[PDB]
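Asks: For reference, the chains in residue letters:
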Amino acid sequence: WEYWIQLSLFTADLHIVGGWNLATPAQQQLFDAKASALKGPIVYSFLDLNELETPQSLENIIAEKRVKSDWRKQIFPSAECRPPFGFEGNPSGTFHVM
Amino acid sequence: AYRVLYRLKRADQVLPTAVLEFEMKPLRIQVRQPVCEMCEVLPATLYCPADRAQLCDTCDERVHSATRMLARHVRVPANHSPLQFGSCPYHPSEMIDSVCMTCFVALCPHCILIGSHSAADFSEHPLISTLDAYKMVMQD
Amino acid sequence: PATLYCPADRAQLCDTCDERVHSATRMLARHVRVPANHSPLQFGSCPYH
Amino acid sequence: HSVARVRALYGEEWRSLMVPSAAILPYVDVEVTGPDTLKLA
Amino acid sequence: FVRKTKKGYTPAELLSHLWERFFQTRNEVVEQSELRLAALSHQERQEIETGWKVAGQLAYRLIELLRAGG
Amino acid sequence: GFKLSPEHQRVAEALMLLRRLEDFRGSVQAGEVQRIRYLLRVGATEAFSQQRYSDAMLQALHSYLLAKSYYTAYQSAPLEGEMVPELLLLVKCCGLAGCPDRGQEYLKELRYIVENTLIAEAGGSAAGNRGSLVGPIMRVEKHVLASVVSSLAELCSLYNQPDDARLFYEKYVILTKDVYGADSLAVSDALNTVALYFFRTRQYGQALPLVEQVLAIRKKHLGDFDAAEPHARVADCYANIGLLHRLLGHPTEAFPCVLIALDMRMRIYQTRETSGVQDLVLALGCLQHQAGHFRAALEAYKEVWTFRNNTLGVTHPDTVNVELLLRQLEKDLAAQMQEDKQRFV
Amino acid sequence: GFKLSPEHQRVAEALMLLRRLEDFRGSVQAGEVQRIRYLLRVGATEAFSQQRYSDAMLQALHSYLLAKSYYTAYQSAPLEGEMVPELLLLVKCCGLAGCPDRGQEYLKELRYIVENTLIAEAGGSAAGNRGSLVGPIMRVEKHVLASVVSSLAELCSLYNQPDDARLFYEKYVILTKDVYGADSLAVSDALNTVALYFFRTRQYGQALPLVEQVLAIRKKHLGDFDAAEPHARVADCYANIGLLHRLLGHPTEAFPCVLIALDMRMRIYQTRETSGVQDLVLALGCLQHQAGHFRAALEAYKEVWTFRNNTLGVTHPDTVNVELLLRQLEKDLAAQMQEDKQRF
Amino acid sequence: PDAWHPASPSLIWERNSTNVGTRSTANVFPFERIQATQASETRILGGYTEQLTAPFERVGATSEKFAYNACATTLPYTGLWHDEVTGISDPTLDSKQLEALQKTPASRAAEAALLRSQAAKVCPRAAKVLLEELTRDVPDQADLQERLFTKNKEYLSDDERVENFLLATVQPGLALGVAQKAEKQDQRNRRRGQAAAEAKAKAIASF
Amino acid sequence: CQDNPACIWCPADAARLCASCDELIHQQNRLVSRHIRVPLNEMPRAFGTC
Amino acid sequence: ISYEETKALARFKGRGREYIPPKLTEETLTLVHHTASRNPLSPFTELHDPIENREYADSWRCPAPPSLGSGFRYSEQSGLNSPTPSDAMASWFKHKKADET
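Chains as they are written, first to last, in UniProt numbering: chain W, 50 to 147; chain C, 203 to 342; chain Z, 245 to 293; chain B, 1115 to 1155; chain E, 1322 to 1391; chain L, 675 to 1019; chain F, 675 to 1018; chain V, 116 to 255, 262 to 328; chain X, 303 to 352; chain D, 124 to 148, 244 to 319.
The following block holds chain W by itself, in its conformation from the complex:
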């Protein structure tokens, strides 16, 4: 996943600090079986936590166990991504994507 965000931002100095699996291993094969029914791929999209339709910091998702954002009315930036929110004023810190 560290190499994924390295490719998505095209730059070669990134690192993963800590991962939080917002999934279930049983959910992936049901996601795949629904996919083969729909006849399509599983292309990725890397979204900043405050880039969502409603802003939601990392402590909010983990505490109340839900994502409170309507994803049927949301654009999905795929592959190359914009610089994360928290740039020039903080040119080197820790950020978040999902």
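Keep in mind the hints are simulated off the structure, nothing from the lab. Among the clues, some could well be false.
[Stated by the list, open to error] Partner residues are not named here, just some residues of chain V that face chain L (Cβ under 7 Å, in silico):
(1) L190
(2) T193
(3) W196
(4) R240
(5) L287
(6) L288
[Said to hold, decoys possible] Anything over 10 Å on all C-beta distances counts as not near chain F; from chain L, calculated:
(7) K816
(8) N834
(9) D1014
We treat Cβ as the ideally placed atom computed from N, Cα and C, and that holds for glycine.
Following the hints, put chains C, Z, B, E, L, F, V, X and D in place on chain W, whose structure we already have.
Replies: What follows is chains C, Z, B, E, L, F, V, X and D alone, placed relative to chain W:
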């Protein structure tokens, strides 16, 4: 600059997978300098592929020149040592010297002998040296 | 004395003449020019004539 | 072998009166500029 | 190691100065050229340029040898 | 790791300076690379500049590899941006001696450095994607970076990559506006450079709107048509308007542009027998010849041929070429007479 | 392995004891605090001697953080004492980098201790009765405290504070007068050192009187004009007022001074091929140029150029200084010739 | 891409005046959809590969000359890398006497306007080099000596002067010495035009 | 000129020049007037596959 | 599968009988690491790292970029530099002491 914006019809076609927390400052791999197998004298660069010992300069003039045996023994210099690519991320004691050409993971001797790749089905996989791997990517 | 010899023009020229032969049209400015001691005419007597 | 080597020694005949000196010349650049007094004269 | 000559040179930067003068005469001789330089393969031109890179390497190494002692 | 207090982050850059000096001055290999990279660059500049293009290959490549070998053990970064000077040597001498597959990855290597300086300097993401967010940069001040992106795009058009050649030229325009202003003569020079590129690539269409901006800037921070004393630079640009607009196909409102430039150069250079004034007399002959109008383009062609005969010679390419316009006027007039006078059916 | 070589070893556990004190008070003893502190200090002194300033900064910084984690913060009564040499290593290595305002409190704390030792020593036991301050009056002997004054005084110049360095140079003059007496060669050298600063900061005008008492004490102790044997230092200081009177205008009251400093250098250097004579020849040449005689200082300028080419480098700043003077003389003589041309 | 759009005036004339459907036979070259050879390719096979050795560029077959030459005072070129740790700098200038020396001379008024403009503020090291060049040209406290020792305090050290000779020989404009040769040429052309005026204009008319 | 069809391939200039430009760049001063000039048929190029 | 099956069952792929695909081919040794990141505090900030064999590197923007060290002048008034005209200013002043011993 390939970037595509997607929009889905139904909310079931999107699933959360992970939140990744990522820093920004660069940071690089463990480039170790071994000392010697006999001497601990010079910043060490010569390697013998036959006898696996990273043993620059020092006593090579006197322990590797004995008979017609020790004369041949190619002495590939310039830090072309398979024991210099960093630790194994599971076992932080040995150095990555072998690489898998089926599952494609970096394996130290501990990571291949009783490591994750020591299973029953992980037996027929080709295992070339790591310097053979790096030269392969260079010449395509 | 010749200072630069152009092999494409097969002629030997000085500095004041290289800038008037090859520096007029655009296809002549692309000519590579070598120093005059690379000239082919320095080997010469042709002992028959 | 011979013919070429012995001819080289016949070239040594006319280099016999030819001796290395003891000059040690360190050629270092010296600049010319300054007041020219033959102009002023 | 510090003593000056008739032109005011330490033994260290006398060598640095004559290396620069040898370099200026080098570029002058190569530009006037002989056709032995023109008749050179790419491997022999490689071996010449490795030769003058290492020649500059040992030139500075000798400069530091005549300087660091003093 | 033992997390630091903010007093260490307060000092910070003082420890930056005092370490990179000590290991530069103390290791003999650091001054080794600095001296040899200097001498190999001095030989390579003079090699490229005169006629060689092949010794300039090997000295640039050697200063590249010797710097890189130091840059892989002193610090864990092979590209460090300071190898741009002989990178520019490598690509231009590859393209001129001729081996494009060797200088293709050097143009590639020079490329990834350049957008990283554009993005690290600019206000944010903005424009200029494709080349990542942080990477090998150079700390050049901006007037230097203007000629850096301008020289790179010249190399991009030297190779067969016309798409990104125009991309870097418009950033060369937009970056000289930052240092000299939105209304500076140095910026009008920068627009004139891109207009020169469009003209040399046969693309006369996009060349003209840039030269209109060149004329607009020079008309403000310089003279004008009358302007009491006029300037030769406005007269040059007015000639460029008429020349580039005739090449598009419209000859009837390019005629006033050459008329202004002729009257200005009448008072800059005076006389009637200058090489400059015969440029615009020959331009009125060519403008007339496009829109019919015979027996008057003949006298404008004869005037510029008689001056160029007794000044430039009889076999000069500026005298034979106009004589070809005489012959091909003779073919065209014979065509017109054999198109509108034989119609007795 | 990553041994983290021993000069940075004592950096590591010293910062670890900073954490250990902070997160759990009471697990600290005075013995190991000064043990790690003195090891950081002896390593910093051997680092500074061999030009390693990056680790001299690093050990002196972490000694100061460990200092203010101990008695400045932990047990309220400070009794500081040992601030000064490790603050010196911090202030010096700041000012060598570039520091206009990043070592400002570092200069201020060291200054506050140094001005304390000046006041409490100038007044006899002034600390014991009038305003008992925190500094220990250095708890050492007199001449070391003098070198501490000169160390800070050259540090204010490295911190571009000219007035502040001027006052500390002044108390450097006063206090070396007290320990060595009015007539001593140590005072003549210390007042000479202040003249080096006033030369270095372009303030030639007020530097004249203090070099004059340097001349007075050299004449009193070593020798006057004749003096039988002339000592090189009275020939030196008398040459120094010749250069000083030359630079701030005033051509008239320097020509006799240059003349007999030259004559004194004849007797100690009985040659003509030394830099001592061939710098006063440059001095008399400049006085010869400004009042006319264009073909009389040209000799004096060739006198010096044929020497600095012989004994110094061609690219030496002193040698190329003469060549710019000869290019000057080429165009004043050209202008004087032109003025002769229209006047004919 | 784009179509042909020929450059010679006659080929445009035949396209825009003569129609193909009026004759049984026709030389029909300025009517075909010839393609303009794309961009970079015309630069290689045409000769647009190097810097302009002259202050013009000739136009195809019509023998015209498109004028390109400098019009402005470019800031003096500095090095292709500056070793500088950010935060620790003094990029500002002591000013005062520096702009006083800017407004003294008259032959360099355009350079003086450049130093007082916003170009000095955006990049300060180019202003430092140009100020040292203007102060080097000033005519003649501190009797001799001092005035020339503080004069040779040259700022661009050894490495960057060569490293700017790169950026002059690779920059896509006029070559080095072309601008000075052009300036020398039209000055002499102007005095020749001034000679057929005055000594020929007023002197011959009103004798 | 990029204005006329090619008629002469000159190996010395390495250009696919036309007839009008042949007069332009080969009828200068005498040095460049003696290049071997052949038509575009005889330009060295590959024969081709079956 | 590996190399063994993908060569003999994909290059031939069940085809046969007339195809025949083509041919088959100072500065001595110290045990201390010379750190890549030249912050003196870079081994003394953190290691926020799930992997372990991973030192730091200096960022290309914030403190200073990776460079050789050819420039980097000290403070001008300090006398630890190349001799400026401000440093050789006191060359004709003669600060050498009389006597302290």
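Asks: Please name the hints from earlier in the document that this structure breaks, with their numbers sorted from lowest to highest.
Replies: The structure conflicts with no hint, since it agrees with every one listed earlier.
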